[PDB]
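For reference, the chain that follows is the form deposited without 7-methyl-guanosine-5'-triphosphate (MGP), supplied as structure tokens.
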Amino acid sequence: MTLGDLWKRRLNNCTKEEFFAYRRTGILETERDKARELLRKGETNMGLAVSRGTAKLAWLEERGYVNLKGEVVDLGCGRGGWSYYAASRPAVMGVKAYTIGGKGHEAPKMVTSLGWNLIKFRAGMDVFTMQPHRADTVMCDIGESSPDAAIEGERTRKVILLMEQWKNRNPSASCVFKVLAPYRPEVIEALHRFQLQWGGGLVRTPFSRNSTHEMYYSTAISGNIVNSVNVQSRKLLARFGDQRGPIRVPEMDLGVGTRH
């Protein structure tokens, strides 16, 4: 058993009050009041982020932890926060975004955010059974939280296997992907194997809630995986009892318009 397993048990033992206070303490949170109401009324001309994912991927790029370039695929795009971010980047030529959609899952939000015409959105697509194709950058933000850490470990394992399939099609492709439960043993095992063939490492974004152990793997960084995970687990364990609030920051506005 790991420190992350202990963090999970403590999280599940939280009352609802303890949960709401713990999940947001000390984290960066974009101010989404304007954006949420524009999306609610169905405004298509907007560059404000369609989701909290946009600022997360922007942080990774601004830090230099991901390379977004060429033909990008967004595996599990949801509303499309990562797709619209990538499409706004001048080094990106195209985005093929895929998400399952359907009951209980987010379909792409359709807006004119800068570069939207370079995105081909495909809803109704299960990426775990989709054949890979050529790509320069492979993104995947999949990993649904569960109180059951074994389920989360299995969901994480499926993502890594997906990235291995995309790397076998594209061995030189840049990769960034969510690792929902990085402390589980089958997850550490699969990340070690990926790192040995492809390089890379794990990083925590400051927008992630304390209620999730999610870390992001990218081929553009390095770092001992077990040490990365353990450092994060301790950071999470230390914020139990923290009553401070989130740090609120402005939401990303990418602008609107086509790119040609």
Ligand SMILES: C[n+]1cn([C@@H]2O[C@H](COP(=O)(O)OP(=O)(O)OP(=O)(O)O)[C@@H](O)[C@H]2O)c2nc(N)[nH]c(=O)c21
Second form
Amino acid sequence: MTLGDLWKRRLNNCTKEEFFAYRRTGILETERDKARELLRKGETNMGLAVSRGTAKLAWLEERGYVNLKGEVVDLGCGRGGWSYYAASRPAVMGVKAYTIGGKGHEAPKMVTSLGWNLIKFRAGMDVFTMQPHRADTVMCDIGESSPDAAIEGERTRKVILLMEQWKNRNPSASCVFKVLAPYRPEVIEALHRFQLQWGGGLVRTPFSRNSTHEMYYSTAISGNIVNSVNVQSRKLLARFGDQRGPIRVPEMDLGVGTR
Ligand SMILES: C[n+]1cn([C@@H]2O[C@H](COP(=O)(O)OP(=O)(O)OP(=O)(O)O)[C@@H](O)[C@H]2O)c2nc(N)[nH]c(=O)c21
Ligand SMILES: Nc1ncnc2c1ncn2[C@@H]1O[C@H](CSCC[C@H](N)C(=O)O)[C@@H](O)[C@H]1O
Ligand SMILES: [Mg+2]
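If the structure you just shared is the form deposited without 7-methyl-guanosine-5'-triphosphate (MGP), then what does the corresponding form solved in complex with 7-methyl-guanosine-5'-triphosphate (MGP) look like?
After this comes the whole thing, all chains and molecules, with the earlier chain placed first.
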């Protein structure tokens, strides 16, 4: 059993109040008041982020932890917060975005955020059985939470296998993908094998809530996985008891228009 497994147990053992206060203590949280209502009313001419994924992928780019270029695939695009961010990057030529949609899943949000004409959205798509095709940048933000860490580790393994298939088709593509439960042993093994052939490493964004152990893997960074994971588990285990609120920060406004 790992520090991550123990973190999960403590998380599930929180009362409702302990949980609500732990989830958000000390985290970065974008201020989405205007964005949410603009989405709610059906306004399409808006550059504000369609979801909280935009600021996470933006944080990765700006830090230099991902280099988004060329033909991008967004696997599991959901509302499209990553697809929109990518399409607004001048170095990006196109975005092929896929997501399952359907009952209990987010369809793409359709707006005119900068670069939108360059995204091809395909909802109703299961990326786990789709044959890969050419891409320069492979992104994947899939990983649905579950109180059951074993299920979370299996969902995570399926994401890493998916990336191995796209790397097989595109050996040179840069990848960035969520690793939902990076402490699970089948996940640590999978990520070691990925790292040994493709390079890369793990990093925590400051926007991820404490209720999730997610970390993002990218071929543009480096560092020991086991160490990356155990450092994060300890930070997470030490935040239990913190009373501080989230740090609220502005939401992205990527602007509108075609490219
Ligand atoms: C609602 N809830 C969730 N958790 C734990 O928190 C983890 C994350 O669950 P979450 O509800 O905090 O976020 P989720 O990823 O489902 O939402 P999204 O990002 O908008 O898609 C769960 O897998 C549980 O382990 C919870 N843990 C406790 N103790 N009490 C709770 O009420 C509770
Ligand atoms: N097998 C599958 N095939 C396709 N999409 C899937 C999938 N499993 C989960 N997904 C989608 O993966 C999405 C992850 S949400 C990702 C957030 C996104 N980066 C944003 O910035 O808005 C979910 O909407 C879910 O519907
Ligand atoms: Mg929930």
